[PDB]
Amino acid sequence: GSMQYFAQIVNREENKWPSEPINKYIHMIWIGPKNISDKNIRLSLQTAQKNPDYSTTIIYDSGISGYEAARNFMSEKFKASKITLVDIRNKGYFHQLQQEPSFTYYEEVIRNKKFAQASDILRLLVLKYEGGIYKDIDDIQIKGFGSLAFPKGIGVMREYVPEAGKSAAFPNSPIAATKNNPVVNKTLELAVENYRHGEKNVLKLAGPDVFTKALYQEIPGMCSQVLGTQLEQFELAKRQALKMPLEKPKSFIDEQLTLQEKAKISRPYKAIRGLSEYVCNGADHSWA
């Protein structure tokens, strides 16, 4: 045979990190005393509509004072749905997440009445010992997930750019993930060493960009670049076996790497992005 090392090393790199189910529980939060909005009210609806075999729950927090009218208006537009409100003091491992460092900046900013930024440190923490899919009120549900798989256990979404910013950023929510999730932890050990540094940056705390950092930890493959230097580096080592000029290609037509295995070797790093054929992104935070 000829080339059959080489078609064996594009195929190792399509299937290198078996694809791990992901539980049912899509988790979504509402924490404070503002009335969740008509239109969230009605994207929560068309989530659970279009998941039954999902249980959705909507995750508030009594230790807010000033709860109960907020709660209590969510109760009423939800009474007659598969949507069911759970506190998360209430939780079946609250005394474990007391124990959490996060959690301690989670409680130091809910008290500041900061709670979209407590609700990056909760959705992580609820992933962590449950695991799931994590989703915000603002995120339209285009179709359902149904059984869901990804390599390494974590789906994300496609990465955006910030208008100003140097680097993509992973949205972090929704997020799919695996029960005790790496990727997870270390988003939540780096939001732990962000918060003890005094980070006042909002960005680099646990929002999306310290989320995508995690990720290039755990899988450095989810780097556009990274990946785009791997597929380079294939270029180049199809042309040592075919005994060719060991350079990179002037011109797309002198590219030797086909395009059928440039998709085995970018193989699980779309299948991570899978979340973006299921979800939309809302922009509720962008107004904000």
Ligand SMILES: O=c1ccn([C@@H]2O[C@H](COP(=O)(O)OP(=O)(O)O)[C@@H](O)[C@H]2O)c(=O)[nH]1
The other form holds:
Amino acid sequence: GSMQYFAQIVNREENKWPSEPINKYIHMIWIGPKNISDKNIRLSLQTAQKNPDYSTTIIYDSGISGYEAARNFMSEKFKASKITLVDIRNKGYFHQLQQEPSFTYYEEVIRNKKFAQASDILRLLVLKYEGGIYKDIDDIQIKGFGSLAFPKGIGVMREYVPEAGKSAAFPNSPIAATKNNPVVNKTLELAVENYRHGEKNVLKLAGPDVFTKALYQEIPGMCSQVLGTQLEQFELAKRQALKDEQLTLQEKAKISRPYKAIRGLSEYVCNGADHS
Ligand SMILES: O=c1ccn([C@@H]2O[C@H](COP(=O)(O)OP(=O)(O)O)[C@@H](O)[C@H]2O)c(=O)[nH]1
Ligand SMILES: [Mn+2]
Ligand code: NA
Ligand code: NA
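Return the form solved in complex with the ligand of this protein as a structure block, the form solved without the ligand having already been given.
Full assembly next; the chain just shown is listed first.
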């Protein structure tokens, strides 16, 4: 055994996944016939104003009854801002997006006027085809994102146990992603299965619990328990090197680095889940 070798494989682990740059697009969704709220207009203007280096868009859908009046209302409220409104059906890639099995279910869900539920599918499809940052219309921009880059090209906020929930879930807003990101693709694959199975449980469709399952499948160490087992494997390697044998704070920080970095949207957006 060699402590020189050990220090080197700890250094290697820290740097295993180079940070991948995120496209400077902020995607938000306001689909359906309802007038966007005064609060969500203010939060949207604030999102765009804090991010002058980003193109901020609100996506609507001309395939939904009553879309025109809702689109017109938004056009008037955002006329002074750099926010642009875009029809999902106008996207250059819509011909391919329309053929996605998940888009079949998006169409079924918007027909039943479940727009929040439909947004869980649509946010993933937009990230798949464009990359950038998806944010809920009702999420608070704390400060500008600036130039972001994430290990495995995926950025999320910290997990927590949601209201009346059992297990910790990563929120599915905001999400930063490289185009065609494996985590986004896995979430869509799990969602298509849940919908094909005729799932009625709203926690088992395309929401935070499904996003969390996708993140754990693609990046196992995102689970605090699995990272624990990885740290224990390095502790064993340190014992082998020295055969004082416990991992230092610095060693644990190095081994955990990319998993902490993936939670890097935590400081930029507040979803109000932590409000009194
Ligand atoms: O009529 C509606 C209702 C919701 N949404 C979108 O769906 C997102 C998710 O819904 P919501 O924020 O209500 O979900 P939660 O914050 O409870 O997860 C919203 O932020 C909007 O971006 C929409 O486009 N039209
Ligand atoms: Mn929300
Ligand atoms: Na499932
Ligand atoms: Na190891």
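Positions refer to the first chain, counted from 1. Only the largest set of C-alpha atoms that superpose within 1.5 Å between the two forms is called the rigid core.
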Moved residue between the two forms - picked from 45, 237, 223, 64, where its Cα shifts 2 angstroms or more relative to the rigid core: 237
Rigid core fitted, is the C-alpha displacement of residue 165 between the two forms 2 Å or more? yes
